[PDB]
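Q: Here is how the chains run, residue by residue.
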Amino acid sequence: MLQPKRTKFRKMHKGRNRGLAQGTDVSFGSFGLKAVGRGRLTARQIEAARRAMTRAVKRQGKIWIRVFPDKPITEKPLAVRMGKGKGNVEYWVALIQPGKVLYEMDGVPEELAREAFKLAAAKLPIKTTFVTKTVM
Amino acid sequence: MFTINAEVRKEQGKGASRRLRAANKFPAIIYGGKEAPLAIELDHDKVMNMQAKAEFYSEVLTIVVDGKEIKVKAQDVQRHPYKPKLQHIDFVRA
Amino acid sequence: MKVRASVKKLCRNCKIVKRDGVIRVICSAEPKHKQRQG
Amino acid sequence: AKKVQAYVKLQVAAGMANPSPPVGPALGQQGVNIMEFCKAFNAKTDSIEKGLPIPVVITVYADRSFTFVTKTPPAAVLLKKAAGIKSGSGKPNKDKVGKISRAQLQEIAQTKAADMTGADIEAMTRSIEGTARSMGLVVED
RNA sequence: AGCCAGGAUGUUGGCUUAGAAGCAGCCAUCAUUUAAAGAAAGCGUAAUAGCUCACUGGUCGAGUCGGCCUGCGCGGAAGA
Numbered sequence: 001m002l003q004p005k006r007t008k009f010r011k012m013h014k015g016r017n018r019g020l021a022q023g024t025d026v027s028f029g030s031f032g033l034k035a036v037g038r039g040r041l042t043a044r045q046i047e048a049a050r051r052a053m054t055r056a057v058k059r060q061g062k063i064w065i066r067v068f069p070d071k072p073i074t075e076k077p078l079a080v081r082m083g084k085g086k087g088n089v090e091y092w093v094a095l096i097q098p099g100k101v102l103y104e105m106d107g108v109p110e111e112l113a114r115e116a117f118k119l120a121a122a123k124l125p126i127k128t129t130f131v132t133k134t135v136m
Numbered sequence: 001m002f003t004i005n006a007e008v009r010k011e012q013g014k015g016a017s018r019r020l021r022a023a024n025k026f027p028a029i030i031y032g033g034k035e036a037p038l039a040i041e042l043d044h045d046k047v048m049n050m051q052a053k054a055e056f057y058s059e060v061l062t063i064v065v066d067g068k069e070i071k072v073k074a075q076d077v078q079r080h081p082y083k084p085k086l087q088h089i090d091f092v093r094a
Numbered sequence: 001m002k003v004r005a006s007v008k009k010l011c012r013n014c015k016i017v018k019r020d021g022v023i024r025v026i027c028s029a030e031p032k033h034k035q036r037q038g
Numbered sequence: 002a003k004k005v006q007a008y009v010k011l012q013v014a015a016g017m018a019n020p021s022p023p024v025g026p027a028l029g030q031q032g033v034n035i036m037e038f039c040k041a042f043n044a045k046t047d048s049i050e051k052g053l054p055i056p057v058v059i060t061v062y063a064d065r066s067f068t069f070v071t072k073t074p075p076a077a078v079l080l081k082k083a084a085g086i087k088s089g090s091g092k093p094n095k096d097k098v099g100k101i102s103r104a105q106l107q108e109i110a111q112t113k114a115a116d117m118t119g120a121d122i123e124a125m126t127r128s129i130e131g132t133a134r135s136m137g138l139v140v141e142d
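Chains as they are written, first to last, in the deposited numbering: chain Z, 1 to 136; chain i, 1 to 94; chain r, 1 to 38; chain V, 2 to 142.
Watch out, some of these pointers could steer you wrong.
Stated by the list, open to error - Calculated pairs, DSBU-like style, for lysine-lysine (alpha carbon to alpha carbon, straight line, at most 30 Å): (1) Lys-71/i to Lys-14/Z; (2) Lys-71/i to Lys-118/Z; (3) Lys-85/i to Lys-62/Z; (4) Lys-118/Z to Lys-9/r; (5) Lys-83/i to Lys-127/Z; (6) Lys-133/Z to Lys-83/i; (7) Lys-58/Z to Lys-95/V; (8) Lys-15/r to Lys-118/Z; (9) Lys-18/r to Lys-58/Z; (10) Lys-53/i to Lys-133/Z; (11) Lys-40/V to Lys-95/V; (12) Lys-15/r to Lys-123/Z; (13) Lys-133/Z to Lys-71/i; (14) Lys-25/i to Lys-127/Z; (15) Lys-15/r to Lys-127/Z; (16) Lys-127/Z to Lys-8/r; (17) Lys-133/Z to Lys-34/i; (18) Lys-62/Z to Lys-82/V; (19) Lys-81/V to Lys-95/V; (20) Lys-2/r to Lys-118/Z; (21) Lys-73/i to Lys-34/i.
Stated by the list, open to error - For each label pair, taking beta carbons as the anchor points, the in silico distance ranges come out as: (22) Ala-79/Z to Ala-52/i: 57 to 63 Å; (23) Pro-75/V to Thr-134/Z: 39 to 45 Å; (24) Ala-29/r to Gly-119/V: 56 to 62 Å; (25) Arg-19/i to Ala-29/r: 51 to 57 Å.
Hint data in this document are derived by calculation from the structure and do not stem from the laboratory.
We put the CB at the ideal spot given by N, CA and C, even for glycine.
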């Protein structure tokens, strides 16, 4: 599980998730798993999907996780009233918008990249698509 | 070797461009050299199947606008974020 | 048979048929591949 | 031979007679005789040289048991008789386990012409060196 | 797409081969007469074997195959 090594403040406000994404082209690799839905992704979903990919295209290839969590999500325990402070940091999410290339892959044929990205897009909560490295 | 039939955009801004992409076209511009920049509207499907080739971004294109021919080169393409379609293309004269 | 909400062709003899508005997977090779309700 | 009518191919190294541990009733399930691997088969084995299994066609007729003629020496123990260690291949091609001189394969390939596919010497030369590709046997050029 | 034909040899390739002789195993994964063929893609064995196919010929006489972008729909869908 991914999590920043050392923050600056422990608890972040909710804020909103509007507009489109910045990481949009397949930059590092050759094939990409790009988001279409909005959503947000916990570190467990990123790890689950990465294991599905790494298993699927065996220890050949090279995989880039282009998103990183760095946003702490706090929850209140059970049978605790409202108020009395902000909750506790339970997990860490990345906020996703439509357009984020969530993962990249290189060093495989396209048909294995289809296969691993299908296998791993079923571990994520957002609708997802397959993209290739377009040249300009 | 590509011939891209175009028209001149009499309207511009975000209203007119988004109206122009719902009608299965997209805006574009031809700047460079000493002339004024030329706002251009392009059919979408022809240019999308055309840019699926690699030679679209390397070879000199020819754009036919008002019965002229402007030999341009595809400088920079804005693509739609999560759909296989185009927002806009910058064409530098050549 | 298997009532699932994803019905798929598990084999190359499996065959998707819609009967009475219900998607089904009829196989001839293996009857374990018989499925319903996709 | 004919349509498949009770002929199979099975035994182990035929320096001895009638292998009881390895196969046994595998040569007794069909109409193939138990006795005709013991005396007469070794009578037809001593005609060239012993110490080789024989995958053979045994067409069981309405005669006593059958009639048999051994035809070809197979290339498994012919490519194991001088190859390297006596244990086996395992993973033979990713390293250098065996090596075979190609002149003796040219003369054995020049001998064997019944149970092969080829009409030229060079056409069937590197086929048996394809069996050298099988057990990882590095040919010495 | 149907229908009529062919689809092998070293190849028991050695296996920890107790039986794997393409079939509970791993490395290999070659080369040829040949239009064409995998040391076997599916089943299958006490065990070879048994078939079909991957590919090619004939019959057939006009479309067919699979992706993409989409509109509307189907299933997923159980409560007093």
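Q: Look at each hint and say if it fits the structure.
A: A quick look at each hint next to the structure:
no. : hint                              : verdict
1   : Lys-71/i to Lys-14/Z              : violated, 52 Å
2   : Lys-71/i to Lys-118/Z             : violated, 43 Å
3   : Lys-85/i to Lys-62/Z              : holds, 28 Å
4   : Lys-118/Z to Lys-9/r              : holds, 17 Å
5   : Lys-83/i to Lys-127/Z             : holds, 13 Å
6   : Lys-133/Z to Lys-83/i             : holds, 14 Å
7   : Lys-58/Z to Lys-95/V              : holds, 20 Å
8   : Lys-15/r to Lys-118/Z             : holds, 23 Å
9   : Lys-18/r to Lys-58/Z              : violated, 38 Å
10  : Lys-53/i to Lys-133/Z             : holds, 13 Å
11  : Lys-40/V to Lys-95/V              : violated, 43 Å
12  : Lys-15/r to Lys-123/Z             : holds, 28 Å
13  : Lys-133/Z to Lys-71/i             : holds, 27 Å
14  : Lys-25/i to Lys-127/Z             : holds, 27 Å
15  : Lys-15/r to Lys-127/Z             : holds, 28 Å
16  : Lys-127/Z to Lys-8/r              : holds, 20 Å
17  : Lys-133/Z to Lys-34/i             : violated, 34 Å
18  : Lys-62/Z to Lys-82/V              : violated, 46 Å
19  : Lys-81/V to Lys-95/V              : holds, 19 Å
20  : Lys-2/r to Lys-118/Z              : holds, 23 Å
21  : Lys-73/i to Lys-34/i              : holds, 16 Å
22  : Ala-79/Z to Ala-52/i: 57 to 63 Å  : holds, 59 Å
23  : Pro-75/V to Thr-134/Z: 39 to 45 Å : violated, 57 Å
24  : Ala-29/r to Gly-119/V: 56 to 62 Å : violated, 39 Å
25  : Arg-19/i to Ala-29/r: 51 to 57 Å  : holds, 56 Å
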